[PDB]
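Trainee: Go ahead and model the full structure; you've got the sequences and the hints to work with.
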Amino acid sequence: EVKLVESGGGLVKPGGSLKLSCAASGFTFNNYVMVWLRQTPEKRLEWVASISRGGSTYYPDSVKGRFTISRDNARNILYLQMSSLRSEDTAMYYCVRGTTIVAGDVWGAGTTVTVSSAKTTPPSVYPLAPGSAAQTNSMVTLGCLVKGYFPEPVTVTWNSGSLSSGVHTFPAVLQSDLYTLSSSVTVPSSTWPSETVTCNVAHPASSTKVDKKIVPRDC
Amino acid sequence: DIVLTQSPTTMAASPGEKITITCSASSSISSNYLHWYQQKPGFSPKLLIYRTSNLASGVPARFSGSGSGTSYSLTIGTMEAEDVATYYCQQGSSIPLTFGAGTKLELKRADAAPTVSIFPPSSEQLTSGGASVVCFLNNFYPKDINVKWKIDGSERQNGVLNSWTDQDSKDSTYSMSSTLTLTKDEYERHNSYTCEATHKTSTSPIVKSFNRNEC
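These protein sequence lines map, in sequence, to chains A and B.
Heads up: the first sequence begins at 1 in my numbering, then just goes up one per residue.
Heads up: the second sequence begins at 220 in my numbering, then just goes up one per residue.
Simulated from the structure, these hints should not be mistaken for lab results.
Ideal placement from N, C-alpha and C gives every residue a C-beta, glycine not left out.
One thing to keep in mind: the hints can contain errors.
Stated by the list, open to error - Selected chain B positions facing chain A (in silico; Cβ < 7 Å):
1. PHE282
2. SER336
3. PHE338
4. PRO339
5. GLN344
6. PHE355
7. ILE364
8. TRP368
9. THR384
10. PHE429
11. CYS434
Mentor: Structural data, given as structure tokens:
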């Protein structure tokens, strides 16, 4: 169980600074080159920094001078100090163990960095229920619309996690510096009104959590 | 900088199909420094192949890699459902190390018509001055699909935001969400809101609508 765990990621202003940490375990840390990579919202993978076992550091021109990789072989922790951040620095950052042939054989789960002047904004949660004059047809699809939040992420569950299947939770989309995401859930006809159906929407950046019960619409 | 060009960009494979994808380097790489990663949706990339042809830890035997010079490839002997993922090649011989843009491998399945559902604005949203109309187009295959909005019978293009799920891991279908947002003002000035889905599985659009004044 070699493991790398990144933390420290979050929202920060252009021009700002932010330090990522990557805690290593289950292997002899000082024996390895360590690497930061990042994956852009488009899914492109890019090299960010490398640090040899003895502390030799290497950077691509795009971050050189702005980012600093360092390691602490005592605590087995790798750092990335980010400064003069730009919006192009927005990405998921991965802690990676490198090998002598420059393959990354262990990767962390990643930490997300968002570089923006937009301010943290909690979501509004609207119930999606069929029109009052909609016709009942066995299964019923409901939803929650999660609008006007920043930054990512938001989590959505149904019935605190007990409505598990029949769920489609869509990727958030950013418009005018606010995210919108939706989630749909499908359950059998008689299952609804009868059984309570609620979506639970967490927005940790704003310390927000709210539940929206989905009630049948009535003229 | 070495540029790694992958093809195809996307591939749909039948279950059991022998699949090969390629990675072309703008300059000759020592094969010792050409590796592949697999990234399953929702997860971190994982080392899959290292030094052109060596399988990484935990990687099934149906995987193989080959190549030299500027031309590399990755082969899956028989496509399995669990292989749906993006595959990246990466070179370590030249600084900066670089990755290809990825080949997205998806799985073939029988056609499925979308299940289409339309939803009017909530009272809560109307209270705050907005009006969003949502259409879900769920569990369909193949992935290509078009949604058209109409207000009182006339096509509406601005104010529409679309979002797609990744291929479903349990049934290999795709789903989509389309949201038309206007002001409460504009919404109360029209009656008929319609979303129409054009998909391979029908010879006419699936049309769902509601009138603002339904009861």
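Trainee: So, for every hint listed, does it hold in this structure?
Mentor: Taking the hints in turn, this is what the structure says about them:
no.	hint	in the structure
1	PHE282	violated, 15 Å
2	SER336	holds, 4 Å
3	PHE338	holds, 4 Å
4	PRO339	holds, 6 Å
5	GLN344	holds, 5 Å
6	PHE355	holds, 5 Å
7	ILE364	violated, 14 Å
8	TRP368	violated, 15 Å
9	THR384	holds, 6 Å
10	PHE429	holds, 4 Å
11	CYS434	holds, 4 Å
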